[PDB]
Amino acid sequence: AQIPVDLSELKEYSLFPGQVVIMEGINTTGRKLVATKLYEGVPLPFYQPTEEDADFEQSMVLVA
Amino acid sequence: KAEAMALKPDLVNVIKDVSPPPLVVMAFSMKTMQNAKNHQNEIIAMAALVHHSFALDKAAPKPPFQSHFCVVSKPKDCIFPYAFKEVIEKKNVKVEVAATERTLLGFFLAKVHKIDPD
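In the order they appear, the protein sequences are chains D and C. Heads up: the first sequence begins at 282 in the entry's author numbering, then just goes up one per residue. Heads up: the second sequence begins at 515 in the entry's author numbering, then just goes up one per residue.
Okay, chain C solo, but in the shape it has when bound:
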């Protein structure tokens, strides 16, 4: 979000006796399925958990997360079960459904950029 440049390394000094600021922490997991044809293992699902204020010098927060999101897709050949979206809205879950792997990757990258974890 903010950028600056120093002409020479001389222009930089240090103070050490100030408390560190809180950080953003993301913990994510993913699912893979082996490509039947040849030599690939595709990504079919992801789930991440985010905390926007993680104290480095204090006790761990409880709960360790505030927000989360999830994504799912179909590899190349299978199709989602009939009325998948109906079931999704029926059970009130924050699951974003994607068509191909490329859309899933784009969504993941957009979320990573927007949240901007450390």
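One chain only, chain D, in its complex shape:
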């Protein structure tokens, strides 16, 4: 289902189309949401180095 979102009462936000988001707000009539809180996103854990990866020496990389 689709509902309009009212952002008048939202202090800080950053939105682009296609963003999977979790909102917290008021929806009394069921046809419009007045957003009040926007949960921040959480990233993936970093790569876990092995014992071999710490034995590598200094390298230079070029990018074009």
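Since the hints were made in silico from the structure, they are not lab data. Where hints are given, some of them may not hold.
Stated by the list, open to error - Listed below are the simulated SDA-like cross-link pairs for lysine to any residue, each with C-alpha atoms no more than 20 Å apart in a straight line:
1) D/292 x C/620
2) D/313 x C/552
3) C/551 x D/341
4) D/292 x C/551
5) D/318 x C/552
With chain D held as given, fit chain C onto it using these hints.
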């Protein structure tokens, strides 16, 4: 109005070949206004219609109701028009006027308890 308790479910039996008794039926409607400030929709009016003997196994009664009542209030900021009660008694209507929403809710609950609909 009447209460009783049975010690064990064994003590309860059934007879099915007796006609059902009449019931009490209440049909009620209500009005709401959206709170301008934030996130509320308050109740400003109610009206109910009561029938004390509704036959389940017969035709619908005509008229479907015997008694009725109505209530009205002011949300937080507006005021009733001048001489509202004068107009109310002038037209001879059974409207009970309340001051706040809490009084309206209390009156409604008291009526629901006293009528005791099924």
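How the hints compare with the structure:
1. D/292 x C/620: violated (39 Å)
2. D/313 x C/552: Distance of about 14 Å is within 20 Å: holds.
3. C/551 x D/341: violated (61 Å)
4. D/292 x C/551: Given that 20 Å is the threshold and the Cα spacing comes to 17 Å, the pair holds.
5. D/318 x C/552: Distance ~15 Å between residue 318 of chain D and residue 552 of chain C Cα, so the pair holds.
In summary, the numbered hints that this structure violates are 1 and 3.
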